[PDB]
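Construct the complete structure from the given sequences, taking the supplied hints into account.
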Amino acid sequence: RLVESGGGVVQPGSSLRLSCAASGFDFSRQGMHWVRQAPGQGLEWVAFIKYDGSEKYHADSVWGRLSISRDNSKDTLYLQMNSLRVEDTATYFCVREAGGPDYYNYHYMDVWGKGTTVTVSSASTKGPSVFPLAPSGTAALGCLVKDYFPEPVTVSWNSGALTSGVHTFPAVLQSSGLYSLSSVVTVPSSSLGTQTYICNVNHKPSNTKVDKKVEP
Amino acid sequence: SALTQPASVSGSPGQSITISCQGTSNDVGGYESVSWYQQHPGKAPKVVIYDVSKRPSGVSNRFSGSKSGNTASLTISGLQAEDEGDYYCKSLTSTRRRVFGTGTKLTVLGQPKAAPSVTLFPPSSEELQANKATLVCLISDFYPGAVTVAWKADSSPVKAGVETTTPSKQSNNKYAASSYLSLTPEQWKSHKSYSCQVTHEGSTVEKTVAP
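If you're matching them up, the sequences are chains H and L in order. Just so you know, the first sequence maps onto residues 3 to 52, 52A, 53 to 82, 82A to 82C, 83 to 100, 100N to 100T, 101 to 127, 134 to 213 in PDB author numbering. Just so you know, the second sequence maps onto residues 2 to 9, 11 to 27, 27A to 27C, 28 to 95, 95A, 96 to 106, 106A, 107 to 208 in PDB author numbering.
Treat the hints as calculated values from the structure; they're not laboratory data. In this text, a Cβ means the ideal position worked out from N, Cα and C, and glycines have one as well. Don't take each hint at face value.
[To be verified] Distance ranges between label pairs, derived from CB positions:
#1 H:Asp53 with L:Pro15: 46 to 52 Å
#2 H:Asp72 with L:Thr100: 30 to 36 Å
#3 H:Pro99 with L:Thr26: 27 to 33 Å
#4 H:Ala40 with L:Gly77: 30 to 36 Å
#5 L:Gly29 with H:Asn73: 39 to 45 Å
#6 H:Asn73 with L:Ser56: 24 to 30 Å
#7 L:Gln126 with H:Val11: 31 to 37 Å
#8 H:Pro213 with L:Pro15: 20 to 26 Å
#9 L:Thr26 with H:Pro14: 31 to 37 Å
[What the hints assert, rightly or not] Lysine to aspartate or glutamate pairs mimicking DMTMM-like chemistry, simulated, CA-CA at most 20 Å apart:
#10 H:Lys210 with L:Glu123
#11 L:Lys45 with H:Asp101
#12 H:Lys117 with H:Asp144
#13 H:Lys206 with L:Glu123
Rendered as structure tokens:
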């Protein structure tokens, strides 16, 4: 078993130190890895350290900012993260290299920690900017929620009155560091100009509530 | 530099499928250390293959591995629902670093395949007066979810200022995804038209909007 910690949400340029506490096996005799995975992305190797810490390898993307290291008397693996970048956002896993006699690395990873998250973000707590997406015998319309931080925000229609045909999509994280998402409801073309359509956007962290009227 | 895998495979239950991992002679073609990892949502990877042919104790005999040249392949016989997940290959490189595949999303198939519904929204007038512009390409009702999204101003490809979601599941047993295009009001008005081309299972659907 392995347990990561030290993670959190920091600003680009700040520094952070991850620690993975190990148990149930002899630590000083085995090599260790750090692997990160961006949200909705694939795996990426970060660093590897030999059992005795006499050698360490780092990935070209995290060179030379992120430094692996270990204390064998504390049975701990460390990751020191400096000059952090927005691209450093990911879940960092403490991982064990499989080994044994004739240890000698077997070149596969047999044990994983549940992982510790790290979020490097420029953004500060901020209210959502809501803009209507207007319909051009079924019409499609919706609201555009833009530039809010952090997740989540909930969106209803006509104050929960209209639940039929509503799709609130996942939010995209823009390079600026701010989230944006859309919500669309499918309605009969005939009801337009007749029925009023309103979306209710609610941001809890910033305590922002906004109602936008959507019309042709 | 990542080892290249196919973004996605899919198969009917009972079907045999194959995933390819193509490296160079300095990692995949230079060593026997290629290993393969299965990953479920919200869980940590588990090794299903190592030393390129070998199964770790506890793994089904339905998983095999092979290597030809610089391309190593994982092969799953008799797909069962529980095989659905993302698959990553790991290789050792001449400098003794490790490198991972780009990943493969494997779908054991519940229902028949389904193509995406594509809606494109021009920038709202409230936003135009805000001195910003954004195009919203909304994708829905497709399966298995894997989609290439591509934007074109006029007939010209546009790689600048586009963010796309990872396909997410709907209540109706089909996926959904979105792609947003950031532009300046001048850009929006300057160009003739803007296109959204969604490539799903080798097939592209396209919608278009203009000032």
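Hint check:
no.	hint	in the structure
1	H:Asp53 with L:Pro15: 46 to 52 Å	holds, 48 Å
2	H:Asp72 with L:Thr100: 30 to 36 Å	holds, 34 Å
3	H:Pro99 with L:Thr26: 27 to 33 Å	holds, 31 Å
4	H:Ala40 with L:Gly77: 30 to 36 Å	holds, 33 Å
5	L:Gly29 with H:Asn73: 39 to 45 Å	violated, 32 Å
6	H:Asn73 with L:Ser56: 24 to 30 Å	holds, 28 Å
7	L:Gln126 with H:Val11: 31 to 37 Å	holds, 33 Å
8	H:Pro213 with L:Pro15: 20 to 26 Å	violated, 48 Å
9	L:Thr26 with H:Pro14: 31 to 37 Å	holds, 33 Å
10	H:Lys210 with L:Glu123	holds, 11 Å
11	L:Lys45 with H:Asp101	holds, 7 Å
12	H:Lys117 with H:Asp144	holds, 8 Å
13	H:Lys206 with L:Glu123	holds, 18 Å
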